[PDB]
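There are 2 protein chains.
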Amino acid sequence: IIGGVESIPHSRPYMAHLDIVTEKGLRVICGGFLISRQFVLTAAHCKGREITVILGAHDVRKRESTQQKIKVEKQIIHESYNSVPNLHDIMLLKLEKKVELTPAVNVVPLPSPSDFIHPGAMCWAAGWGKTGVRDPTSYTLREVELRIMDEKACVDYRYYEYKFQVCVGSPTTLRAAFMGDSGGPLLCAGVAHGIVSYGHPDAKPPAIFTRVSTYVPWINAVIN
Amino acid sequence: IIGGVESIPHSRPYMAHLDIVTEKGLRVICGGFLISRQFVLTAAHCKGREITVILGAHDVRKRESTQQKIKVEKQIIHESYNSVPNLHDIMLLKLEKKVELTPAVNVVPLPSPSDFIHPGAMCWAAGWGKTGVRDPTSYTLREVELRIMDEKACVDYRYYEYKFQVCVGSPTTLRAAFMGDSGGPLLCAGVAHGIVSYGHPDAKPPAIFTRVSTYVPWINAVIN
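Chains as they are written, first to last, in full-length UniProt numbering: chain F, 21 to 244; chain R, 21 to 244.
Don't read these hints as lab results, they were simulated from the structure.
Any given hint could turn out to be false.
Pairwise CB distance ranges (calculated) [what the hints assert, rightly or not]: (1) F/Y177 <-> R/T160: 46 to 54 Å; (2) F/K117 <-> R/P133: 53 to 61 Å; (3) R/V175 <-> F/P29: 55 to 63 Å.
Calculated cross-link-like contacts (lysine-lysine; reagent style DSS-like; alpha-carbon spacing at most 25 Å) [stated by the list, open to error]: (4) F/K82 <-> R/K82; (5) R/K117 <-> R/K89; (6) R/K91 <-> R/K67; (7) R/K44 <-> F/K44; (8) R/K44 <-> F/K224; (9) R/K89 <-> R/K114.
For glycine and all other residues, C-beta sits at the position ideal for the given N, C-alpha and C.
Put together the whole structure using the sequences plus the hints.
So this is what it looks like as structure tokens:
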């Protein structure tokens, strides 16, 4: 997270820190969010060989008595995730067990498929990702308040796809999600409306977030 | 380390685990070895923006009683280290503090400048690097027994420069130091004869270690 603040420990109890081993045996991180006692949402680009999910954390370098460390049974990738347009960057993780729902480890609400988030809202993104374009990932959870943009802010001024994707972040501040933040939530009035997906190599706003609203029907179909 | 075993915990008190922030804000590892209370030996390729040395470790993901975490003040890379021949791949770390010498944290002898290692000596290499070509780095120290080769084994069968470099490992075994083991000791007869420098991308033996003997007169002029 670029430009933001240290979170209050345990105040975002849905937050999932992902330890991923990639196919070529690289340890990589991603974020994610707990939406049921068994399912973590994250970004399909956070695919690996093996994933361990750490829940209940603040500082993942420390062996905090709230933490719950579970392995992933399944990685369920959106069946239309192309890996060039970056489109449909959403994945469900099935956990090996159910979590114990506790004050420090609990679920986040998802929208209704009718809920769309407007341009001009100010939302919160959180993660253990890089705090700079050349600064390393964070061992403690960080947070940043970001503004939902118009489609014009990412289209004719870049890239996109609006039904599926949110355009987030005003080029008037270096506030961003970055590397290692991926698959983290975007919260808007406490609801998971976005997933950190991608942006500019230089972290310059705006960035692209998957639009949770759209995929709620996919999410329910797989989970149920 | 590929094809080795866990070490017995704390049994190699010279061993340093290096935690490196690269100039692009990436966290990498290397190995290294304690030669005096203020200086650690390692590879020149293990250069970074910022180096944290952990002594007294076995499992670097636990906060073990024996550990001393110290920052590096200076990185002194050999004055003729090029970055194509990969020659002169040796670096001194000047520590911020002097270390406290304990049962778990103490120094390894250096050869005398007249002490060459022969072809056919049996030596030990230790590290926290990858345990296979596609397998992740190791959280606990591993070690492997390696066989010092004749020049022929790395020249007409590949690469080399004999005065400054050792060929290590028979093509009879897949035993190897790999990614993350860089900058670790090659122990022959009590004494640190080698530093893990480089090899083949398949990690197929033989590999190349810096010949410590040759660099002693440099080491003493820098430290002393």
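Consistency of the hints with the structure:
Taking the beta carbon of each, F/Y177 and R/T160 are about 50 Å apart, inside 46 to 54 Å as hinted. Range check, F/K117 to R/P133: about 60 Å between beta-carbon atoms, so the 53 to 61 Å window is met. Checked against the given bound of 55 to 63 Å, the beta carbons of R/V175 and F/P29, roughly 58 Å apart, stay inside it. A hinted pair counts as satisfied when its Cα atoms are at most 25 Å apart, and F/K82 with R/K82 qualifies at roughly 9 Å.
For the given pair, R/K117 sits about 10 Å from R/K89 by alpha-carbon distance, which is consistent with the 25 Å threshold. Taking the CA atoms of R/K91 and R/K67, the gap is near 14 Å; set against the 25 Å cutoff, the hint holds. Distance restraint check for R/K44 and F/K44: the Cα-Cα separation of roughly 21 Å lies within the 25 Å cut-off, and the hinted pair is therefore satisfied. Our distance criterion of 25 Å between C-alpha atoms is met by R/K44 and F/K224, whose separation comes to about 17 Å.
Taken as a hint, the R/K89 and R/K114 pair is honoured in the structure, with Cα atoms around 14 Å apart against an allowance of 25 Å.
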